[PDB]
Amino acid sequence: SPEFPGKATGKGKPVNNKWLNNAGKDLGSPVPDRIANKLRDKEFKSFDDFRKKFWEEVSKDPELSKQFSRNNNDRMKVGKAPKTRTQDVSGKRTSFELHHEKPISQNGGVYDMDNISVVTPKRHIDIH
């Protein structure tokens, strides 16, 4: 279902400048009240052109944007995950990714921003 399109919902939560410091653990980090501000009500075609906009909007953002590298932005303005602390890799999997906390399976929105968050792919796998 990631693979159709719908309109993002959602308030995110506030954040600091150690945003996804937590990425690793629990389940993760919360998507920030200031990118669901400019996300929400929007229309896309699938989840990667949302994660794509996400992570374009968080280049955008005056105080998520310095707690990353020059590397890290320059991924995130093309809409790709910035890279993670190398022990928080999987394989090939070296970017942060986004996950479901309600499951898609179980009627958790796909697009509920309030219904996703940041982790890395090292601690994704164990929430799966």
Contents of the next structure:
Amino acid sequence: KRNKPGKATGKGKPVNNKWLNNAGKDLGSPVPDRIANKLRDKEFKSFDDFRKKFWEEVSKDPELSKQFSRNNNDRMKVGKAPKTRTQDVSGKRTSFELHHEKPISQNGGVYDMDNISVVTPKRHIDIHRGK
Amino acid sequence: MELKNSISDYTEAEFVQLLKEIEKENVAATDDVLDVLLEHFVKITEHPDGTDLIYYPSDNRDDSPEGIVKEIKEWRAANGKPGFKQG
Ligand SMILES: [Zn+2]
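Alternative state: the form solved in complex with the partner chain, after the form deposited without the partner chain:
Time for the whole complex; same chain goes first.
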């Protein structure tokens, strides 16, 4: 499953200077095409490992890093998801999460970047409960 | 360090030390300690936006420990709440 190794695949999508503004709506924000370009064909030990590398790459892309505060850029540099705004939090979940559009439990690609999006905790919980 | 129970027990310098401790935990492997520090920050500042002051600073002020302390001081004073220890 998500705990097994694999190669990242996918093209991602172009994004503007408001990349995560819609992270709390619908299926959230797409993996940026530039980020996809850096992770494509690389192998990861787990989805958690892909997640860390994902955030590290975001911190290295000047066009994306500029969309986050200094404290949020430091978190991403070590592979942790940026903190969401207070209003998008859900209990102890206070950081952006990655969502698989098509669940692993049904041929859903664990490392397919075109099957992965960034969502706020609050939106993520809603997505899985049918909202 | 020592977590005091009110903004009034903190001088501005001591509050900046708490902010740098939070910056250190931002880069730790996990958020276990960071999150206790953030709950403390939110509890004593009492600002409705909580952690947004640290992670989502307004463009009209500096994104720095000095800018966070200044905004806190202005918001507390504007709401007639006790400010930082003047000594
Ligand atoms: Zn999900």
